[PDB]
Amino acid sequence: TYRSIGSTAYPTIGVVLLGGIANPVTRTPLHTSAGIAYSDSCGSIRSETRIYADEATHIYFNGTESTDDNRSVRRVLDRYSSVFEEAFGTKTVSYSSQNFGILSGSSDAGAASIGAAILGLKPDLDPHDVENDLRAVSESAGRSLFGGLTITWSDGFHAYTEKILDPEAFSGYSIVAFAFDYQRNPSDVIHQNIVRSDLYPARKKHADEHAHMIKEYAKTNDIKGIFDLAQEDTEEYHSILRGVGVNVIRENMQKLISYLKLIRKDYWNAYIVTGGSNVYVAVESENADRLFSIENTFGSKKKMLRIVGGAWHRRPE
């Protein structure tokens, strides 16, 4: 038997933006969404996981113990107890997370990294099945599990994540992230309030339509079309949220966006805003350093990002 296994996954950015969860426990997406996994050029933005045999079950986030009192992570660990018993000689395992270049705690990358560790121990499991269990940890786990550009189809009862383009399809593109210091609306507030909107039923249908449009663009590697659409999706999504009192795009964020509209006439860009106080700007690689070097970031900090692949495991120890 072994004693432990490590794994790694990368954080994600929504491309067709998710709002609404079917149930607080299983956390199935109410409608179809799409996303990309990202890191920096070195691959240093990441979540690293260690699952190991133990006398009692402990959950740690960057060294801080969690009472995991919802049994969010512990639910997943219990479901795959047979995997751990075979691999480690015991059903009792602990989980230790270290996040780098993202905030300490649970995330899409954290969830996917759990999946990669389990698959690492039992490689003939169906990752689409494992994904269903991972959503309890984070509803967009599939983006990070499979990597690249994905679509997660969903009718609110059954959800399925499909790989649409490899990270290699974006090698000519970069994303400059502008991080603003405004306190963010929790994702749970986003999910809870968006469904109150009278436009919500049409949004769910519009979401599914946009994902089909993305699958079509993929046929000819139309990366600009995909990101152009992501910006249109972003604008619809945040117009719906504002009408339910959730305002993600704050004053200095809107000022940056206005400038983006100006330089768009000079060279191509498209932007995305998800749930946090960040503005993500897609750009052609030849213009990435130029964008990154602009002077008036309106008090935002800058990171150079790129599209990367799915979660992966290390050999068990």
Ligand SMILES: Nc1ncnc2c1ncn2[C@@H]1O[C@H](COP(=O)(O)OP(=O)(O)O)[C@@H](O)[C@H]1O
Contents of the next structure:
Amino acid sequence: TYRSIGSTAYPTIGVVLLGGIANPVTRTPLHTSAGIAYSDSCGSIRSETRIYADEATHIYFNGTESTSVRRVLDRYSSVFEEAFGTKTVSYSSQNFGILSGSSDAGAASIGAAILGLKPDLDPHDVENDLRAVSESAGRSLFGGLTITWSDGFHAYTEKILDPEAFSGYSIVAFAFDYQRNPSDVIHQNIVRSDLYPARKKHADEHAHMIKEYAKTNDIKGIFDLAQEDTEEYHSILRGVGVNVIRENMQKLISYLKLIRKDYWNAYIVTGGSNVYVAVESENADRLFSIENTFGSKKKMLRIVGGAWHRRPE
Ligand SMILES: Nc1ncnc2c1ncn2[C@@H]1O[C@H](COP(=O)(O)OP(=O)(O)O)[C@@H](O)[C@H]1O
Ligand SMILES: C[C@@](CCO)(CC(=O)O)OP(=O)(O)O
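Next block: the form solved in complex with the named molecule, after the form deposited without the named molecule:
The complete assembly is shown below, putting the previous chain first.
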């Protein structure tokens, strides 16, 4: 028997932005969404996880002990008993350079560690258990561009494009320093909007459009749609009191409308205080070098693959 296993996953960015979860425990998405897994050129932006045999159950985030994760570990106690010789395992996670979408990565890394222990497991089944840790875990488990179909009862994640399809594109992230609204605050309020039912329908409509664009690798059509979805999403949120796009972020966006005339770009805003800007590779350095970032820090990002594990120790 072994003593521990390591694994790694990459953070995610919504493309069809998810708002609302069926239940605070199982965290099933109330509607269909889509996303991409991202990192930087070196793959340095990531979440690393270690699951190991222990006398008692410990959960560690960035070296800090934590009093959701235990639920997943317990459900797969049989896997660990076989691999380690005990059901009692501890979890240790370390995040690096992640902007938004950290929880997705942490959850996916758990899944890839489990699949690494019992490879014949159905990853789509494991994904269901992982949503308790983060509702968008599928994005990071499968990588690339995914669509997660959902009616609020059952959710299923599908790979639509590999990261290689995005070889000609880059994402420049502008990180602002504004305090962010917890994701749970967003899920809680968006359902209160009168426009929510319509939003659930349009979200599904957009996902289908993304799948068609995928047929001919219309990468630009997909990011353009993501900008439109971003605008709808955050209009609904503002209407319920959740304002993600703050002053300097609005300013950056207005700047982007001008630059778009010069060379193509499209932006996405999730729940955090970041503006993600899609752009062609030949223009990435150019965008990355602009001066008036309105106090924001800049990161160069790429689309990457799904969670993976290492040989058991
Ligand atoms: N590596 C990890 N493993 C498990 N849970 C994590 C990990 N990183 C963060 N989390 C949990 O997810 C929460 C943040 O999730 P969320 O609000 O979705 O932020 P983000 O959008 O950046 O993921 C944190 O408060 C933490 O409790
Ligand atoms: C709010 C959102 C996910 C919340 O579960 C929207 C989305 O990306 O689909 O973004 P973020 O919290 O990961 O930043």
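We call the rigid core whatever largest set of C-alpha positions still superposes within 1.5 Å between the two forms. Shifts are known only where both forms have a C-alpha. Residue numbers count along the first chain shown, from 1.
Participant: Only one of 104, 81, 247, 171 shifts by 2 Å or more at CA between the two forms when the core is aligned; which is it?
Facilitator: None of the others reach 2 Å, which leaves 104.
Participant: Core superposed first, then measure: what is the displacement of the CA of residue 19 between the two forms, in Å?
Facilitator: Value for residue 19 between the two forms: 0.1 Å of C-alpha shift.
Participant: If you overlay the rigid core, what runs of at least 3 residues show Cα shifts of 2 angstroms or more between the two forms?
Facilitator: Moving region between the two forms: 102-106, nothing else.
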